[PDB]
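The chains shown are only part of the set, and none of them has been moved.
Which chain is which? They are A and B, in the order written, and residues in each are numbered from 1.
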Amino acid sequence: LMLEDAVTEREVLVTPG
Amino acid sequence: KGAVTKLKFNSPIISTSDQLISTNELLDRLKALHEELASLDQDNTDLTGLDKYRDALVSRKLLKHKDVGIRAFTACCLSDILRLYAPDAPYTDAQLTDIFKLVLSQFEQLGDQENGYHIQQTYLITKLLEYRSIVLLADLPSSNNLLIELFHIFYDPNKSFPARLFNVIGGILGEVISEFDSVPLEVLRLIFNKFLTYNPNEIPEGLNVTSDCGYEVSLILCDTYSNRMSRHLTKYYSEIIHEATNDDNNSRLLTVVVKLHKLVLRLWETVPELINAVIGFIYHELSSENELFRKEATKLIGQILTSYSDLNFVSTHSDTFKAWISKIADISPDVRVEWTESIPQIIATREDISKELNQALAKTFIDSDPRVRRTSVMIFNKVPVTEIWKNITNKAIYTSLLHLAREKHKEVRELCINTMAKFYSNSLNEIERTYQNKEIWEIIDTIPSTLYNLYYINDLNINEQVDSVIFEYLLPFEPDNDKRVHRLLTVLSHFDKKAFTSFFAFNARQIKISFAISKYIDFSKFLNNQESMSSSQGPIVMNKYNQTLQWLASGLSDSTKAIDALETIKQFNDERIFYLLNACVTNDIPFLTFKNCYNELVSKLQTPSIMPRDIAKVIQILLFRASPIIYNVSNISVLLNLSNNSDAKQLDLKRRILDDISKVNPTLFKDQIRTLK
């Protein structure tokens, strides 16, 4: 199998707070 | 019967009770007789008035006489008698054995310390070869034993034969064995083991003049007498294997075949023409039922292909080389790994092939077993970038390499990521572009984008890894102000929209991280002195810092390693480290000093609840996201318009970058133009 990209272009390396 | 030359010696040689001859007199007489016989011409000589001595020189009283001299001279005389009478062969087989054991004795003493009659024995061996009388030894009922003995004599380690005779000894043993159809295994063990037991170039030293009889002899036999030895070499291989196989001990066979393979490997290096004699066995070994022997055969041919040889293996033995490359489809993965492990040296030693290799590695890179895939990518790691660029050219290899970077399997993926990045770096720092190699470059150039796309998978470990890798090989920290940018653009040159969005996001986070580490220290300094044990914010600021540290530790694979690390740093409460750390994150730092504070910072943490090594590998990766490296005084270099016109593919990047640098945080951006004005 192969991994699959699981985030949008909007939220990438996002951090709350 | 009638001849012009004639034997002029007529003194007795046998001592009887009635008439006795002193040892010295006999010595002198035999000397005379020896010297005279030597001079005789074979065709023009009476030969009738010589039977007297023909009959006399076989008396056991002389053959086993005490004084070595008498024996040596007797030997020479008999050497000559054999030469003159031949091809009549005057003596009987018994007498002839008795003589030929004496000659062997003489050969034996020849390697010993001088008996004062070395010269006579030199004559003996030389003339026994020149006149080819030696081979008479072969037509005796005891010939095998005499052969073994003859061979043991010269291969004996305890003997020191001068080098001058080696060509002669190789002659003797050459002729005597050329008369044999079935040579005793013993002799062949003797001849062949010398390739195993004597390897030159093993000791680096001043002259290496030491030399070895048995080896040079083996070479002479395997070179000058190749045509007759090959036949035996075959028998040696088959018989040795046969011996080990039927052995009660069941674990010997492998051990012996692994040795035969070494013998082979040496022979290929020294006398490649002989390998023909056993190459079939190997060919069949490759297709043997037992995987281990296939593994070994593979390893062997693997070793062969990397060895210096006057001959060429793939040309000479294509049949089996094809069978060698056929092992990328062997049922046993061990065999595949064994094959794949050998390529780096091959590539590093020969350009003979870039066709079958490229054909094979393509399959090796998509094999079901992860071991081989790993062993495949390891190529890009073990063999220098240049040789990769030169030797391997197939499209599929690179694509598969980069493809595995998104693989489930971890151990492959990581190595992949690191490898193709270090490769990318090296693949720009060494290889230029022409009209023909650009064809594959569109893959090497999509490496950074691919790398940046991994972030989208959202894995802590991977994000950490890509973080680590990018700043290690891609965007280095050295060595100057201008080229970082020059390359930075080349890294940014081939991006998809995702790569840009992520590239920028990673940069958008940097300011928010800086705003965090700065307050982290501003909150960690709270333990410099008693500000509030429970006063101003004691009950509230502890749980702001304590909870704030989790924010930065939420992005790391091992948060429990992060929250522990910096709290111990608060335990430290040293100002220096705080100043360096704070200095690294404050934004707007000349690129050059950042390196100075960072390197000292990391170096300082080394060797002071668990090891700080962790804290280093945590804060480092943590810093890679925190500090400004790409958005900095680089601006000043991108600011200078490198080109009046042309190079649109550079200016659009200048734009793409600055355009954003002005948007993410302009506290730094609008000031330089002010300085410029």
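Basically, a contact is a pair of C-beta atoms (placed from the backbone, for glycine too) under 8 Å apart; a residue touches a chain by one contact, two chains touch by 3 or more.
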Exercise for the section: Could you write the composition of the whole complex as a label formula, given that just one representative of each chain kind is shown? Expected result: A x2, B x2
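Throughout what follows, only the chains that are shown with their structure count from here on.
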Fill in the blank from the handout: Per the C-alpha means, the centres of subunit A and subunit B lie apart by a whole-Å value of 44
Fill in the blank from the handout: Within the complex, subunit B is touched by subunit A residues 1-7, 9, 12-17
Handout entry: Contact set on subunit B toward subunit A in their complex
Key = 403, 406-408, 453, 455-459, 463, 497-498, 501-502, 505-506, 508-509, 512, 551, 554-555
